[PDB]
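Letter by letter, the chains look like this.
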Amino acid sequence: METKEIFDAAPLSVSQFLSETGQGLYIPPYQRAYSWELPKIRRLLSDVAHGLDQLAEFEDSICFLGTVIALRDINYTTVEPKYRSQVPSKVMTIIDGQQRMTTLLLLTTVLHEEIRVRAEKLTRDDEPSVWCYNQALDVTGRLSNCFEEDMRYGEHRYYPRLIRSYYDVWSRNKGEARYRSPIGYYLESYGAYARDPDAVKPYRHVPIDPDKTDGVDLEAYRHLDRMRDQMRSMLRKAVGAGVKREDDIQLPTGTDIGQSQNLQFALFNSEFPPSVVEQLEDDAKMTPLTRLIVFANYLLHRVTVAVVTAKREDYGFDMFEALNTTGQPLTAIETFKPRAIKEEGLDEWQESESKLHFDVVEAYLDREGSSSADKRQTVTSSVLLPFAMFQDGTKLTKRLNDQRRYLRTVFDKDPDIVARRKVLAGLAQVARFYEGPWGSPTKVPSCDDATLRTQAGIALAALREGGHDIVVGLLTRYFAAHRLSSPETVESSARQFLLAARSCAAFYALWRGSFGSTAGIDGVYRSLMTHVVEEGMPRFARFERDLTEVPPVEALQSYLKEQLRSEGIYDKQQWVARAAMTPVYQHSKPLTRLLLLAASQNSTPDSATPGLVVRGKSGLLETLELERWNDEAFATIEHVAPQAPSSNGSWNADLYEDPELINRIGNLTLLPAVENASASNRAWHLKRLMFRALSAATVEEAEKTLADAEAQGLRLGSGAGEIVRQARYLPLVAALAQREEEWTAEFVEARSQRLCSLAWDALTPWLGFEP
Amino acid sequence: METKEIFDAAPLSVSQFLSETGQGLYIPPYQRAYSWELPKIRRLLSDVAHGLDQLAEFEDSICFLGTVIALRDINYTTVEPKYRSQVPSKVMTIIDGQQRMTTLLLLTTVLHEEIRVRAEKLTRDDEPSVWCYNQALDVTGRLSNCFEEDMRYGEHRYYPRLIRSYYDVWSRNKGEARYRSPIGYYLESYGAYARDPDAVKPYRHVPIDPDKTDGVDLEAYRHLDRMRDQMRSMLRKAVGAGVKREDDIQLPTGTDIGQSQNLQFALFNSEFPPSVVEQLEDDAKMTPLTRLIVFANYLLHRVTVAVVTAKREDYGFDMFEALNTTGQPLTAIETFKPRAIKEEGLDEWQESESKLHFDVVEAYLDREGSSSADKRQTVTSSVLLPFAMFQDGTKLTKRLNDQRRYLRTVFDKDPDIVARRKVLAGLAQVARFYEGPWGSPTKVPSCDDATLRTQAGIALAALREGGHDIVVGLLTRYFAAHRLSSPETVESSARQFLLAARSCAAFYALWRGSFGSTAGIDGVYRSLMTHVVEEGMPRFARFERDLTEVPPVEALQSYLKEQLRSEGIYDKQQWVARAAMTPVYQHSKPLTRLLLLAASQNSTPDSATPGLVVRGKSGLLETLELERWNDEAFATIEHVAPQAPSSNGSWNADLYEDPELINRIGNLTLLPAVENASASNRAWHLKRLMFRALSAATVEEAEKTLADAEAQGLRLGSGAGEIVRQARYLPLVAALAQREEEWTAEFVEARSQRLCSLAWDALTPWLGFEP
Amino acid sequence: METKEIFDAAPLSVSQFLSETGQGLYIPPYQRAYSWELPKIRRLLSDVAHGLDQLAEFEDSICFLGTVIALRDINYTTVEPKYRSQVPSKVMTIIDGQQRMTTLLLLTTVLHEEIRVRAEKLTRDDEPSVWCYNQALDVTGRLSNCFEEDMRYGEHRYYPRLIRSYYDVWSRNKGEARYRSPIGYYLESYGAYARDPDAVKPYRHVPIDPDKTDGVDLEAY
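Protein chains in written order, with the numbering used here: chain A, 1 to 771; chain B, 1 to 771; chain C, 1 to 221.
Derived DMTMM-like pairs (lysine to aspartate or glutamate); straight-line CA-CA distance at most 20 Å: (1) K174(C) <-> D126(B); (2) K4(C) <-> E2(A); (3) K82(A) <-> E343(B); (4) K398(B) <-> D53(B).
Here are the in silico distance ranges between beta carbons for each label pair: (5) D198(B) <-> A9(C): 46 to 56 Å; (6) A9(C) <-> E2(B): 15 to 25 Å; (7) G240(A) <-> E2(B): 27 to 37 Å; (8) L111(C) <-> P197(B): 27 to 37 Å; (9) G240(A) <-> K4(B): 31 to 41 Å; (10) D150(A) <-> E2(B): 16 to 26 Å.
One-sided excerpt, in silico: chain A residues whose CB lies under 7 Å from chain B: (11) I6; (12) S13; (13) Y30; (14) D96; (15) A322; (16) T325; (17) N401.
The set of hints was computed from the structure by calculation and includes no laboratory data.
By construction, the Cβ of each residue, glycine as well, lies at the ideal position given by its N, Cα and C atoms.
Kindly generate the complete structure, drawing on both the sequences and the hints.
Okay, structure coming up:
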């Protein structure tokens, strides 16, 4: 008694784990039911998909799936409703991890359904098509004996795996066999489905309780069934169309597969028939099935769970405990520092370039992290992704091994120094960018042009608030050249950077103004960072090369525009067309602020149409100034027509047949002081009056109209907020106090039209428009 | 490539892990330096000491210590400054666990020190003495080759384990060998001390840097050296004197050891010679050493860590990642539910006694737990420790295996059912007690006697605030009888319960008033729960028996009283002597609230001496009513002489010779309105004025003295908080407005003495005092 | 129960096999005495030397020595005259192979003798020479803790490995520890000579029976 077995860990691929010929996986009776919300599931599938995608590159890369701790129950003392007559030969009651295992078996069930049914749609007279049909049969059977097992006689001839105590008893006989737990029932039913002769229709699923089985929640069944069916949807979509939304699950493509020898060997122990790398090089109807199968094989033979087997249950619980207490992992920077300590040059580093860069990055990390441990990792991810765009042009993930591996890769391309310490200079500079223009945007750079300073400054303060980090790459790329330049070209730099900032915010405003979402834009900037620019001179996001150089000032503008063509559209007519019909408040509130502030650039109330606005005062009160973003003068996005009229305070239901009406430009302005807290709002009249309050050009109308509105009750909440003698000029609220008639739906349409047009005119000079 | 090594897991006793003959433990260069604060170290030692204590019971209980994940560096690619000539043959660079491992090596160093020097004090002419001296030699050597290792020639002929990269190079040659990290240096130097002939003094230690080695923080050395010497002090105290503070580290005593066969086999492969168990039964100069030796051998051979070995570093990182994702363990209650499902009777439970109890306990858990996952286990602990009092009379520990084991033990004593399902009825009642008089005390039970209701109600609200849960056993024990009673003896029960509550508040008030701490009280309440009371009639804390019956109503009082003798002291004289000299504001503030509210029970300002108080108005305004605990009339503890007078607001330093003065009753009362937030305090005059303010028996003293004090300034902070026209009667504050002279230390003694006298008078009737 | 241990095999260098820090090798009481005529010994050395010579060429060339089958006697039921007080912590009763094992232990004893006494002939002042002396110390010790093991106190503080039942009781105490079987006594006596300070004379060897130990044959000795 010292190691007297105690515990017993070994690694297994999920195929060698699940499909062991005589085993039953058994959920002990104190486990909760299936929890795992769909984000945990998506992380799961995306993990294995990532490891697969990275397998083409690194031929030995193994993907991990955690631990399962189980009791090897040898006298079947834990199968609480059992028929010893024929319990399986090795039961492994799952002490911990049963959530993963449930997810896993389900994953196989959907991989099985998809690969089967797409494979019957195959033309078996095409040589590569039959190759694919055969490969499919292979993986189909190999998953089939992964989730269920052919015990050899009786009705209920097939045993699931996973089972739960109480509901579900393993047996192969005609009475006495139940499969009634969520996973128990699910696997029983799918299994019988697969064995349908003359099947080949996709899987329905007939969810349980024909009149019984209230041993669980019925909500549990709902959850498990839904979770499975969404695994099926995720995968279906991961090979299908091209809408390719930002997360989804990216596994390599037909061309990817066909041209990766190592992927072929490590998943099919053989090199592909050349007829097939041909058929795959260009989708050709069979590439989705083949991609699903490659994913299948990677799942089976290259994803591994760590299996810990205890022989006594009490040891097993103490094991679980000892494994829930296992340290505090290290950010990819910490684990990467050794690899530059060991190139600079030896261990004599302290006053040797890289030390300074690392002093920078570590300083920033200790500052903004510190507070916790995964705060420290999310800060590290924050400074690492812009860098990945910057130094390379690749989308870095938030997963540790990737960050570690990418830093290792990039650092080990140009194997010098002066060459490598430029790579580290990259990270240093992204940190430095976070310290200047993003902390408080007013630093920006120096430069004169003092309208440029606060214009690019509003660009920054808006790009911070509301997502659009994708940009931190490029802009750091340029903030770099301003601080790396011959003492003369300080001004040249400062200008390129400032203009770049403006144009990025502009393109932001247009892309998210027109579409309803950040659809491609992340990918578009990625493509920008890699695309060839001007024959052989630079490459957009510094790429080896030399950090100081590259690209110009303005190849941004021409490329972003040339893109605004394509599936972007850039004629003010086409663009304001898209943007007048997109609910901007639903999207990012800082975008709608940018749009209102750009639409009311030195603007004035319109006399021809009561409530619109127009331009023409070159510099009346110019709003695209960073000082007028923060301007808590007018800094509340107020809806004219409210979002909530639950019993209808009155209003016009023309505005609510389409629930997006209430959230377009034409329904909002920037109102000072109160939001919905001090003194605010009501129905279209009290709203008229409130706007009439703040728009008067004399105090002998200010107090007059304060009193005008106090009759119906403008002093709402107590006695009207900071509402006694406010000056201030708000062109949109002035020309909104000037409309009587009523608040029509047509009028919000025309208003959002007019507002978008003004903004477009105000901004598109920021991309330097002529395309 | 499928399990292609990847990883490789094995359990080893810390002896077989550390003292393997060719191994080097190597801390790679991205590890933090030695972190672990003393709470963690003390937890560690307690874990192993617990394992020992529980090995005495269960001869098989193995104690776990978690995981260390290490890279078997096979070509020494991570020994970052190296002399390959004699790198040790097997280095294991530690990815995770270097904190535990560092602690462990330090621990061996301290046990080696203690056992060394304590065995030199042995009279080696005595047969059990020579056994102990040898046994000491045995573990002494097995620890020695546990922390260092004998490479065989040269200066620096001895290698550490644990070494840190960058600083520290293993080698045996005369230049060229460094051990300069915190752990490296510690191990090197301690080893030299151990190998000193003609030594035998305890280890001093000469911390590092004779003028160098500033690659580190100089604080790291401080922290590590300190943690070592306090491991040493911790043990020294756990086997030495008798002060036995609340934590300490509980390891068995000579007798414990001497009479437990299984402990002797499992640590010494053999039964002790009886001469030794005899000399052990009563310390006799050799028992501390033996206790320490038993502890060290348990450390060496029965603490076992799981060692996970990877062959590539990045595999090790991904593993570490995969073992940080390891479920969320379950409360001892969840893992015990099955074992009562399978006694009721079989699986046809749903309408079966035990189901009801569990539904109750589960409801209460899901209600108050829920919010987190370890909050759920902390809720379960809150209901489990008192249940341990109630159904048995044992101190349950807050550790999981202990809770599970106790539940299995108790549930399976009287192995019928009805005996068992009564045991479960126990848990249900603890939860319901937590739902009745502890949530809001105001429910209490029913009954008339309506003074008992708010009197036991203040008893409860007082026992809840300010620790003293030790009672929850008893009272639940009683609350049961009120809900389980022949409908006639409902009133008898309700009364018993209320009186139990009062008596406990009394014994509390006295015990923490007179003594300085919860010194014995815990043992006292447990003692009552186990003692035989009246031969064969019952037993105080339900012990099987039958839930409704048992004990009386008032044997509580007699027993608690008989105990108030001994080391309790209860002659009003003795008690006031003790309690006048205990700073009660220092201990539990609710205790001082209880003592002041009992000291002003229908009390009146004293005229004979200006500022004390006297009783006698039987029902003037009686304060021991739960409606007056919360009565934020008088619910602020005001110090007369302030704790803060750093430059002397003026005041009297007679009160500051002894810092316990400022915090005795004689310096505190119950003040309405302000503490130190609205309008408050100053120097003793303004304090006079504030006490004169709220004591006014007319409004024409209210406004008069309000403005009196605004002259010096009672409106401090704004304009005197809720201070205009207050009725309100606070007898204590009147006789505080009634002392002129000055605020002396002598008078504070007098004041606390009288207040204590009064409270003693007011409360001891709650124990129905005759002893 | 299908492979439920049944058996359990693994390879070990003669170093990691013999010198396990807590092990005792025990010849059960039905084994024949030491037989092996000098030719089997000659093949033993010639094989190990051949593997050695073939290592210069192939850096992976590993040399085998056969199999030993042992029972991991866990509650000391085959140690036939025992002091449980301090039987070694892990005994392995050798079901097959005790002839190799006896040869081996003897071999380690002779290599230890030669390397020791030749190294004391070293002029420890010549740089390669001190290289050699140290190397001697390293191998010398790693053979010492190969044939015996330092249990830590008492007279007869050192245990042989290999011991034969009936004759020979492992213990570290002053009565009660016997080593009178042929190997037992040889290893014990070699061990004592190893630890003689100020020896450094080659080994003589003073064989048994000052008047006793005819529990065996005397020819085996």
